Structures are given as C-alpha cells and as structure tokens.
Amino acid sequence: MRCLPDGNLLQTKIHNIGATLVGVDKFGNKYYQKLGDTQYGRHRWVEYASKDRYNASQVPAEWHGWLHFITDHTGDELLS
Amino acid sequence: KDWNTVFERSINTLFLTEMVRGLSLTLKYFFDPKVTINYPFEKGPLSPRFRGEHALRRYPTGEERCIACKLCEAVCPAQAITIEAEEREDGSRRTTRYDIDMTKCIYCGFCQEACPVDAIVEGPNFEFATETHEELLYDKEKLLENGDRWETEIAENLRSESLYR
Amino acid sequence: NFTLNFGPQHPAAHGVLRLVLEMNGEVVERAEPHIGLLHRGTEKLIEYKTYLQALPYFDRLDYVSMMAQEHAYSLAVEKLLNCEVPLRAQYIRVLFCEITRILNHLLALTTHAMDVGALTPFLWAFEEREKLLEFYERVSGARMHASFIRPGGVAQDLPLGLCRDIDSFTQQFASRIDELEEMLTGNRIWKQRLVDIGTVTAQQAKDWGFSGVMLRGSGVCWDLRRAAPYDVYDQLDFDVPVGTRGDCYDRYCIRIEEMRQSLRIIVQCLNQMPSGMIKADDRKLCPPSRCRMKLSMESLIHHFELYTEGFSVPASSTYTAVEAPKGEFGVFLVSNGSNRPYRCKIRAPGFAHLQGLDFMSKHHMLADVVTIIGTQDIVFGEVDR
Amino acid sequence: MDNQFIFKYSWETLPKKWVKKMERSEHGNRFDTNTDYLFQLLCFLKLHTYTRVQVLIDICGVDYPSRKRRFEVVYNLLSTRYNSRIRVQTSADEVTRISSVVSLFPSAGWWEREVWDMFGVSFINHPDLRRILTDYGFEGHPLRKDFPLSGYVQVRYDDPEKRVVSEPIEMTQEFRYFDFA
Amino acid sequence: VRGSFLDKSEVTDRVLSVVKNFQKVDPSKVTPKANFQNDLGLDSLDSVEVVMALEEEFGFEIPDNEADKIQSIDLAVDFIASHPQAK
Amino acid sequence: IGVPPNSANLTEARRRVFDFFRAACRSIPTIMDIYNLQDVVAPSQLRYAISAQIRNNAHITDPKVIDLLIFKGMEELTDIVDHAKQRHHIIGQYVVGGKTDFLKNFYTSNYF
Amino acid sequence: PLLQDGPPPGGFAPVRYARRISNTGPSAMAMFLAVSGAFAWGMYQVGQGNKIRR
Amino acid sequence: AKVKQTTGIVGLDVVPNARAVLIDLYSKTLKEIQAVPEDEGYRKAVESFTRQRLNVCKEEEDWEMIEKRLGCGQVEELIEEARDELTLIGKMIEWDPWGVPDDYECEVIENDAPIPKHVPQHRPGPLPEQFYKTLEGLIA
Ligand SMILES: CCCCCCCCCCCC(=O)SCCNC(=O)CCNC(=O)[C@H](O)C(C)(C)COP(=O)(O)O
Ligand code: SF4
Ligand code: SF4
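Here the protein sequences line up with chains q, I, D, C, U, W, Z and V, keeping their order.
Residues in the first sequence are numbered from 31 upward in steps of one, following PDB author numbering.
Residues in the second sequence are numbered from 58 upward in steps of one, following PDB author numbering.
Residues in the third sequence are numbered from 10 upward in steps of one, following PDB author numbering.
Residues in the fourth sequence are numbered from 1 upward in steps of one, following PDB author numbering.
Residues in the fifth sequence are numbered from 40 upward in steps of one, following PDB author numbering.
Residues 10 to 106, 119 to 133 in PDB author numbering are what the sixth sequence lists, from first letter to last.
Residues in the seventh sequence are numbered from 19 upward in steps of one, following PDB author numbering.
Residues in the eighth sequence are numbered from 12 upward in steps of one, following PDB author numbering.
Don't read these hints as lab results, they were simulated from the structure.
We treat Cβ as the ideally placed atom computed from N, Cα and C, and that holds for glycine.
Hints may be right or wrong, so weigh each one.
[Unchecked claim] As a list, the in silico DSS-like pairs of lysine-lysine whose alpha-carbon atoms are at most 27 Å apart:
{"no.": "1", "chain 1": "I", "residue 1": "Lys127", "chain 2": "D", "residue 2": "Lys371"}
{"no.": "2", "chain 1": "W", "residue 1": "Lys81", "chain 2": "C", "residue 2": "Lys68"}
{"no.": "3", "chain 1": "V", "residue 1": "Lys128", "chain 2": "V", "residue 2": "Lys42"}
{"no.": "4", "chain 1": "q", "residue 1": "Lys64", "chain 2": "I", "residue 2": "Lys127"}
{"no.": "5", "chain 1": "D", "residue 1": "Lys200", "chain 2": "D", "residue 2": "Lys371"}
{"no.": "6", "chain 1": "C", "residue 1": "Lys145", "chain 2": "W", "residue 2": "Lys120"}
{"no.": "7", "chain 1": "U", "residue 1": "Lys68", "chain 2": "U", "residue 2": "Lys47"}
[As the list claims (entries may be wrong)] Short derived list, chain V residues pointing at chain D, Cβ under 8 Å:
{"no.": "8", "residue": "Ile20"}
{"no.": "9", "residue": "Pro125"}
{"no.": "10", "residue": "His133"}
{"no.": "11", "residue": "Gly136"}
{"no.": "12", "residue": "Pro137"}
{"no.": "13", "residue": "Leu138"}
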C-alpha cells in the first residue's frame with residue numbers, strides 16, 4: 031500500500047525486480063545488487079526495514095562502505 | 058552570388074531547417090535511460106579518501122589513541138580545534154577536553170595528516186545535518202562516540218589507504 | 010536617464026552580482042558594478058597563516074577552478090624556495106589543471122546558455138562535471154576543495170585504476186562537446202543573442218588588462234602556457250584558438266575549442282605519465298611517509314616541525330602567474346624569511362574583466378548585459394577575495 | 001627580449017633622475033622610482049618602441065611600519081609585444097598623494113581604489129576614488145599591519161529596531177596566535 | 040495680489056534674529072549695520088556659519104561670491120531683500 | 010571631479026575646508042528626511058556638530074593632513090547620504106538627539 | 019609500493035577530439051516542391067469539399 | 012604585392028599605403044628628435060632604430076618584404092609603434108627630464124638566486140639583429 035503515496039519507495043520496488051539479495055543488517059535493512067551496467071555498472075541499493083520513516087542514517091557502518099562503493103566487502107564480510 | 062545558393066539560404070531560413078536538428082537531438086535522450094540516483098535507497102560513489110565527519114579512535118584494548126600532542130590543533134587552518142590536557146591518574150598523557158567546531162572546520166584533512174598516532178580521522182559519514190548550531194560543537198565524548206560507531210569502516214579505509222601515505 | 014538597480018541574490022547571475030544601470034529606454038548608457046559583497050579579507054587572513062595553512066584559501070577564490078589556483082600558489086612558493094618538483098608530479102599537476110579547465114568551461118558555457126533561455130545543455134554538462142568531480146574526490150577525498158597540489162608536488166599519488174577511468178572518460182567526451190555544439194552553434198537564436206555583442210578590440214583588451222579568452226577573442230595570440238610555460242607544458246601539443254571579431258560569439262567558440270584542446274592534453278598526459286616520486290625529496294618542506302615518521306627519529310622531528318611551525322621562505326618577492334581557466338591568475342608573494350607570508354596579493358582576471366563591463370555593454374540592450382557577464386565568466390570569490 | 005637586454009637598454013636610454021634603484025634577478029626586473037616620476041616613467045615604458053609595456057597587470061600596496069615611508073606601491077606590468085614582465089615600485093606615507101595612472105592604463109581605476117581602501121594611499125587625478133571592497137561607512141584600512149584581524153565592529157539583526165545593526169566586536173573564542181618562532 | 044520679494048523690514052527682522060540667536064553674538068552689538076568680523080567677534084568658520092544660517096531661514100542657496108560680500112547686516116539684508124528666491 | 014593635488018599652503022587648505030563645510034552642511038535637509046529626524050533633532054544641532062568636528066582640528070598646521078581629513082570627511086558624508094545605515098540615536102559616528122568620575126568608573130570595572 | 023597507476027603497455031587507444039560532421043537534411047527545392055504541390059492539390063480538394071458541402 | 016585583406020587583429024584596420032605612411036612617420040620622427048640633447052641616450056636610441064627602419068622602408072617597395080626584413084609584426088603594427096614614438100617624443104620635450112642632477116646616486120642590485128626550471132618563465136627568444144645593434148651603439 032505504501033507504493034501509492036510513496037513514489038520513492040515504488041522506484042526501489044520496480045528496480046528490485048530481478049535483483050540478488052546480498053545481505054540483511056541488524057536493523058532489518060535488505061541489500062540488493064543487479065550486476066549490470068546502466069549507471070556505469072553501479073547497481074547497489076538498500077531496502078530499508080521501515081517502509082515509513084526510513085532514513086539514510088539508519089545504514090550501519092559495516093554496510094555504509096558497500097552502499098557507497100567505497101569497498102567491495104559486504105557488511106557481513108566486514109563483521110567477520 | 059548565384060540563384061541556386063540564394064535560393065538555398067532563402068528556403069533554409071523560411072523553413073527553419075537548422076531548428077529541425079535541434080528538435081531531433083533533443084528527442085534522442087528522451088527514450089534513453091536516466092542517470093538519476095534513487096536517494097536515499099541508492100547512493101553516489103565515494104572513495105576511501107573521502108573527508109567527512111570527524112571521529113576519535115581507540116586502540117583495540119579500549120585505550121584512547123590520542124596523546125594530546127596538539128599537532129592537529131596547531132596545523133588546523135580554521136582554528137576549529139581546542140584541546141586541554143593533563144597527566145592522568147595512572148600517569149598517562151591524555152586530553153581532558155577535545156573540541157572541534159564543525160562550523161569553523163573546512164574539512165581539509167590536515168588534522169588527520171598531522172596526527173602521529175592515527176587518533177583523529179575524517180570518516181566516511183557525510184549525513185549529519187542538525188537542527189541546532191549547538192549540536193555542531195563536537196566535544197570529546199561525541200568524537201569518541203563517532204569513532205566507536207564507524208570503527209570497522211575507518212579501519213578498512215586506513216588499511217586500503219596505508220599503501221599511499 | 011533612469012537607473013535600474015539589478016542585484017540577483019541567487020546564482021542565476023553569480024549570486025552576489027549587483028549592477029546599477031543608467032538606461033535610455035531599453036538601451037544601456039552606463040553599467041556600474043558594485044562589488045565587495047563577497048569580500049572576505051582573504052589577503053589579510055593569509056598573513057596570519059603558515060604557508061601550508063594558507064593553501065586552502067586559494068581553492069576558494071575561483072571556486073569553479075579550484076586546482077588551478079592551488080597550482081599558482083605552489084609555483085610561487087617553489088619559485089621562492091628554488092624547489093625541484095619531480096616529473097611525475099608535474100604531469101599529474103598538468104593533467105588535473107586541464108581537467109579543471111574542462112570543469113570550468115562546462116559550467117561557464119552552460120550557465121551562460123541557461124541565462125539566455127537554453128535549459129537542456131546545463132543538465133547534459135553537469136553530468137559530465139560529475140564524472141570529473143569524481144576524479145577530484147578519488148585523489149583527494151574532496152569533490153571541490155581538494156588542496157591536492159602543494160609546494161613541491163602533490164599531496165598523494167594516484168589511486169590504482171584512476172588512469173584507466175580517466176581514459177574511459179576521454180573516449181566519449183568529444184561526443185559530449187559535439188552535442189553541446191549542435192544545441193547552440195548553428196541555432197539562429199543563439200547566434201542572434203551572441204553575434205556582435207560585447208565587441209572588444211585588441212587595443213581595448215590590452216588597455217583594460219584583459220587576459221585568457223577575453224584577450225584571445227580579439228585576435229591576440231597570447232597564452233601563458235606557451236608564452237611563459239611551466240611544468241611539462243612545453244612537451245605537450247595543443248593549439249591556441251584566437252578570435253577574428255572580438256564578440257561574445259567568438260569567445261563562445263574559443264571556449265568550445267579550448268575544451269577540445271584540453272581533451273588533447275589530458276590524453277597526452279595519460280600516455281606520457283612516468284613512474285617515480287610525486288613529492289620533492291628535499292626534507293625541508295615535504296612531509297615524511299607515515300611509516301618512517303613512526304620508525305626514524307629524524308623523520309619524526311621533521312614531521313613535528315612541518316605540521317607545527319611549517320617551513321621558512323627566504324626573504325624575497327616575486328610575481329607568479331599561470332593560465333587559469335578564466336585568464337591570467339597571479340600571486341604577488343612577499344616573504345620576510347619567516348614561516349608566514351608577509352604579503353600575498355592575488356591578481357584575479359575577473360577583477361579586470363568585470364571592470365570592463367562599462368565599455369563592453371555601452372549602447373546594448375538590457376537583455377545583453379547578462380550575456381556579456383556570461384561571456385566574461387565572472388566568479389566573485391576571486392573578484393572580491 | 002630577455003631580462004638582460006631590458007636592464008642594459010633601460011640604463012642607457014632612460015633619464016637618469018627617474019630611477020633610484022635597478023635590480024636584475026630571476027625574481028623579476030625591478031625599477032624603484034621617486035613618487036614624482038612614476039607617471040612619466042610608466043608613460044615612457046608604454047609608448048617607447050623598444051619596450052612596448054602595454055598591459056598593467058595590477059597595482060598593490062605593501063605595509064612596512066618600520067619605515068618613515070611605510071607604504072610601497074608596486075606596479076606589475078607586461079609587454080605582450082616582447083613577452084616580458086617589469087616591476088616598478090615607489091614609496092609613500094599616510095598623507096602623500098601620488099599620481100594616478102588611469103589616463104595611461106584604464107585598468108588602474110579599480111586597483112587604485114583597492115589600494116586606497118586597503119591602505120589609505122590617495123591618488124591625484126583619479127576620476128572616482130572611493131572604497132570598493134569594504135562595507136559602507138567602514139573606518140580604517142584593513143591591510144595595514146596595525147589593523148586587527150577581526151576589526152573593530154560586527155553586525156547582527158536587532159529585532160527591536162527591525163534591522164541589521166553594527167556593534168563593537170565580542171568573540172566567543174578569541175583568535176589564538178601561535179608563536180612558532 | 041502676488042508678491043515676488045520679502046518685505047525689507049520683515050527681512051531686517053529675520054536677519055536680526057538669526058544673527059543674535061547664533062551663540063557668541065550678544066543681542067547688544069547687533070545693529071542693522073553691524074559687521075560680522077570687526078564688530079561681532081565671529082571668526083571665519085563662525086562667519087561662514089551665519090551666512091548659511093541665512094540660507095536655512097530663507098530657504099535658498101547663496102552663490103559663494105555673494106556669501107563673501109555678506110560681511111555685515113546691511114550687506115546680508117541688501118542681498119536677501121532683493122533676491123527673488125528668498126521665501 | 011578627480012582627486013586634487015595636495016594643497017600648497019594653509020590658505021588653499023582652509024579654502025578647501027570651507028567648501029567641505031558648505032557642502033556637508035547643505036545636505037542636512039536631505040539627511041533629515043532620510044533618517045526621519047523631524048521630531049528627533051533640530052537642523053542647527055547637526056550643523057553645530059559638523060562645525061565642532063572642524064574646530065576640534067583647528068590646531069593642525071600641515072596642509073597635507075588637512076587634505077586627508079577633508080577627503081575622509083567627504084567619504085563619511087557620501088556614505089551617510091547615499092547608503093544610510095539608520096540606527097536610532099546615531100548617524101554614522103555621531104550621537105543624535119555628586120561624585121567625581123573616579124567612583125563611577127570604579128563601580129563599573131577595574132579597567133579604566 | 020613499486021606499482022603505480024599509469025598507462026598500459028602500448029598506451030591507451032587513440033581518442034578523437036575534433037568535431038564530427040553530420041549530413042542530415044532535405045534540399046531547398048525538395049521541400050519547396052512539396053509545399054507548392056501540397057498547396058495546389060489541397061486547394062483543389064478544398065474546392066471539391068466546398069461543392070459537396072453546398 | 013597582393014593587398015592585405017585582414018590583419019587578424021580586432022580593431023587594427025588594414026593600411027594599404029603602409030610604406031608611404033611609415034616613410035612619412037620616420038622622416039617626421041628623425042626631425043623632431045633633434046629637440047632632444049645630442050648626448051641623451053634616448054635621442055641616440057631613437058635615431059638608431061628609426062634610421063634603420065626608414066632605410067628598410069625606402070629600399071623595399073613591397074610590404075611583405077618590409078615585414079620580413081624588419082621582423083617586427085605587420086606594417087600596421089609597425090605604424091602604431093611609429094605613431095607612439097612620435098607622441099613620446101613630444102611629451103619628453105615638455106617634461107625636460109634630461110641632465111644628471113648634482114648629487115645623483117643610483118643603487119644597482121644583481122641578485123643571482125636561481126629559480127627551478129619548472130616555474131613559469133618568459134623565454135621570448137632572439138631579437139632581430141637591429142635591436143642588438145642599437146644596444147651596442149648606445150654602450151659605445
Ligand atoms: C553629517 C556629517 C558628515 C560629515 C562628517 C564631518 C567630518 C569632519 C571632520 C573632517 C574635517 C576637519 O576636521 S578638516 C580640519 C580643519 N582644521 C583646519 O583647517 C586647521 C587649521 N585651522 C584653521 O584654519 C582655523 O583654526 C579654523 C578655526 C578652522 C578656521 O580659521 P579661522 O580661525 O580664520 O576662522
Ligand atoms: S579538517 Fe581541517 S579545518 Fe577541520 S579540524 Fe581538521 S585541520 Fe581543522
Ligand atoms: S588527535 Fe592526534 S594530533 Fe591531535 S592532539 Fe591527539 S594525538 Fe595529537
């Protein structure tokens with residue numbers, strides 16, 4: 031139902047189609063990648079656990095580097 | 058000059074031909090994919106060198122790295138750092154006050170370069186907008202909190218960047 | 010004659026532009042710019058900083074051409090210290106100078122186009138700007154104020170794979186310029202807005218201290234990269250475009266061609282880039298590596314001195330100028346033997362250019378004033394300091 | 001047309017009373033003139049066939065409080081015809097007006113206004129000599145060595161008067177001077 | 040009927056009051072023939088002040104070369120009573 | 010129009026002083042409307058203020074110092090008229106509209 | 019260390035910097051003939067439609 | 012022999028009778044310089060290069076060869092210099108700056124501190140032979 035008022039979330043749902051789940055963090059945020067080349071091969075995004083009241087600061091440090099393409103290690107590999 | 062070349066420009070002017078190409082090339086990107094990032098679900102790329110929110114670090118034992126040398130305070134081009142120090146009860150040379158005015162700071166990274174023990178660093182965080190001026194007067198406890206929160210990413214960037222500095 | 014007060018408090022025209030125009034109907038008789046709205050006392054502040062602490066101030070003068078002013082300040086300090094810069098640093102400095110020139114021309118050409126009603130090119134160009142800003146961030150960690158070019162070389166070496174990414178940008182950028190040209194060059198509205206507007210003769214350009222595109226538009230072959238070359242510019246091939254009419258339309262074409270020639274230099278710099286050190290090795294102004302500072306007593310002492318007191322510059326004075334994107338950018342540096350500059354006078358090309366608005370806009374229409382300001386490529390950070 | 005030729009040619013052809021000092025160096029050829037000859041010397045350099053110094057790059061002041069003539073006015077000039085640069089300097093104090101060269105180089109107009117604003121040096125025959133950089137009603141010349149870095153006054157909005165007002169400065173943290181000498 | 044000049048006696052009076060009210064002018068030496076410098080103890084800066092005080096009271100600007108031939112009360116009254124711009 | 014040469018002697022300088030006094034004082038009605046001082050101060054009180062500033066420098070004998078003072082006076086005047094910064098009880102530098122002085126200062130602070 | 023970012027063996031591929039031409043567009047006479055013929059035939063059609071409407 | 016279409020310099024018009032104009036200007040200059048004292052270095056210098064340029068203009072009737080031999084820009088640029096030199100001569104007569112004062116003192120500094128190769132440096136190259144001929148004539 032959140033897709034109707036929140037068009038930002040709808041864009042993620044459409045682009046989630048066919049993506050690979052990479053991991054889930056301690057807050058429940060889900061991390062997806064496509065492995066294509068559309069914006070120069072950058073296809074990493076996060077589906078926040080809270081469908082409302084989501085915030086960019088909710089991404090933990092172990093997944094922050096992966097999300098911003100600073101590192102290729104996922105949050106799971108950094109925690110290990 | 059010549060009736061053909063006179064006719065050539067007269068028709069080109071009347072029929073607005075050069076404005077046809079302008080329309081044609083404006084339409085080609087219409088059906089092409091867009092470059093817009095779906096913030097905040099998607100983010101722009103950054104490097105391990107990115108100069109963002111400051112953080113104070115500790116050793117893996119929990120001891121502070123900072124030894125109150127005041128090199129970062131001396132080099133800071135904006136005079137954004139204020140430090141007080143004295144000998145700790147166990148004899149250690151430690152700060153009792155470490156303040157960074159995030160509103161004076163110019164995010165140059167000179168403090169990180171000056172520090173001899175890798176205590177002060179500019180982390181990867183750039184999303185820390187506040188509703189009050191006061192919250193941007195970072196004290197020692199806030200900076201050590203930032204280091205605790207971002208330690209795993211900071212240590213990874215430091216390992217990657219160690220081969221260059 | 011009535012007086013039309015025009016201050017756009019928004020970056021439609023520079024944000025702090027303030028013009029008092031005397032008009033006869035819609036025809037301008039006198040244009041008087043009021044400046045100092047961004048006067049920040051940079052030259053006074055520099056006197057209270059060490060030579061290292063003063064470097065970030067030069068990023069914020071012409072904030073569209075950051076690394077170019079970094080380069081001029083470093084060259085002036087190197088001139089007074091007689092400091093040898095290694096060859097790899099020279100190529101890197103030239104490479105990012107040309108990247109900065111494209112970044113500048115892309116903003117100057119499309120903000121000008123946006124002001125005369127062409128809204129699409131700005132979006133197409135700022136996307137190319139984002140790719141180039143990414144190269145700034147990968148070498149320095151900052152999108153704009155890199156503080157990457159320093160006396161004696163550059164702060165750090167290039168990250169692995171950056172050169173390949175730069176090469177990928179060069180393989181497609183010519184098409185991006187071609188698209189910008191097709192939207193503007195042949196269009197009859199664009200020509201009608203620019204042709205025979207703001208005509209500057211060669212004598213007028215010399216009289217008013219014009220430089221850069223403002224001087225070469227008037228047919229004067231003058232480019233400091235060839236007249237007084239620096240770094241590795243004498244080992245590179247590039248042509249110097251010159252105008253034949255001295256109007257806003259010529260200077261538009263020159264900036265397009267300068268972007269093409271800048272692409273030419275970057276490609277040569279990428280292929281000729283030699284290996285080696287990127288800092289000068291005189292242990293007087295170059296910071297030691299993190300590993301030696303933590304292992305050698307002499308390196309730790311040098312690191313302590315460089316970040317507290319800085320280096321001293323023997324008492325002397327000189328003027329150093331480079332070919333910045335907006336024209337000749339100069340620094341008159343006076344040293345008194347100490348670790349802080351005694352006097353640092355900044356010569357901004359936009360200071361001379363905006364002073365020429367009065368004679369350039371004489372007897373034009375009100376809507377041509379913005380076009381002439383756009384062809385001058387004014388940034389008030391350097392005008393006001 | 002290197003710096004050796006200009007130094008040697010100028011000594012032979014210039015009137016002797018115009019130059020007090022001549023320096024040849026890799027930091028730039030430099031003629032030190034008296035105040036009353038500055039205008040004529042610059043006119044000679046601009047018009048003469050063998051110099052053709054057509055471009056006035058900038059004019060700047062330097063403060064030397066230990067000198068009886070504290071101010072030094074530096075003229076940086078360029079000859080595109082011969083691809084050479086020349087520096088001409090002169091001294092001044094807080095009350096000696098000096099000649100304006102706007103009639104020789106129109107670009108001098110704003111630079112002379114800046115010298116007056118920043119240092120307090122006045123220019124005879126300047127068409128429109130007023131402050132150009134500082135706020136309106138500014139007191140003092142900030143580039144003087146004795147002028148404090150943060151100045152004397154600051155501004156803020158005052159709700160009871162419904163306007164921005166100027167008051168004497170009050171810093172939360174004063175500027176810390178670090179003496180590394 | 041419309042007039043184009045202030046009455047002489049009315050001017051004599053307005054000028055007499057202006058000169059007296061100016062401080063350093065005791066209302067004892069102020070005669071219609073009294074001279075500013077020689078007989079009133081007013082120096083050059085005080086003397087120029089009186090003349091422009093006549094400009095404010097009568098609302099018109101006196102050309103300087105006339106402001107100088109006004110060294111006394113006759114010369115000032117002779118001038119204002121014949122100047123049309125006086126109101 | 011242009012900045013004149015330095016006055017040769019004290020007659021020239023004092024002549025320039027009177028032109029400045031005339032020009033500055035003639036602009037009082039413009040200043041009165043700009044700062045709305047009709048119910049605040051009389052025109053004569055501001056005239057006497059300018060005269061007082063001139064008299065306080067009557068001891069200067071160097072004509073070059075007098076020339077600089079007049080030039081700064083014209084600039085102060087121009088900024089007051091052209092770009093007014095209206096406070097309430099001041100214009101520019103000038104306020105508009119049983120114990121000795123030691124105890125008052127002593128009660129205030131230790132810095133005199 | 020001993021590995022620095024730089025060119026590959028042989029250098030990068032050549033890149034173009036000069037403007038590329040493009041010959042797209044009809045001719046003065048072609049578009050003139052089209053307009054003239056459309057005008058003539060269409061006005062004849064207007065006459066026919068006016069006759070049927072009447 | 013072909014007429015020049017453009018000088019390529021904005022605001023610099025083509026002068027088709029350039030040789031004639033130069034001859035007139037140089038002849039005028041050589042006559043007005045005599046009001047300057049003979050011993051003055053400015054008088055000797057002006058006479059030295061004006062005479063040589065006048066000689067080249069008289070010998071060569073083709074403006075392309077006048078530019079080639081003289082090596083100083085176009086003839087239109089040469090004319091500007093000749094006009095400026097005439098203007099400067101008149102101003103020096105008015106100024107009367109000649110003669111050395113009684114207590115004349117001049118300080119010459121020759122600072123030999125080097126600068127790095129990579130910093131900006133003007134290197135114009137060799138002048139035409141006549142410039143060095145004027146200089147050694149002045150010294151002797
Ligand atoms: C609205 C306000 C805007 C304008 C601001 C005003 C700023 C004023 C400050 C600058 C003006 C000066 O002080 S200018 C300095 C004026 N002082 C002198 O001229 C020195 C020589 N003294 C004399 O000539 C006489 O003592 C004298 C009594 C003056 C007359 O002469 P008499 O003895 O024969 O009457
Ligand atoms: S980033 Fe720069 S300005 Fe900010 S605290 Fe560090 S040294 Fe100071
Ligand atoms: S953060 Fe580093 S440089 Fe700053 S006082 Fe602590 S140890 Fe010294």
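**Study point:** Violated hints - listed by number, lowest first
**Key:** 1, 3, 4, 6, 11, 12 and 13
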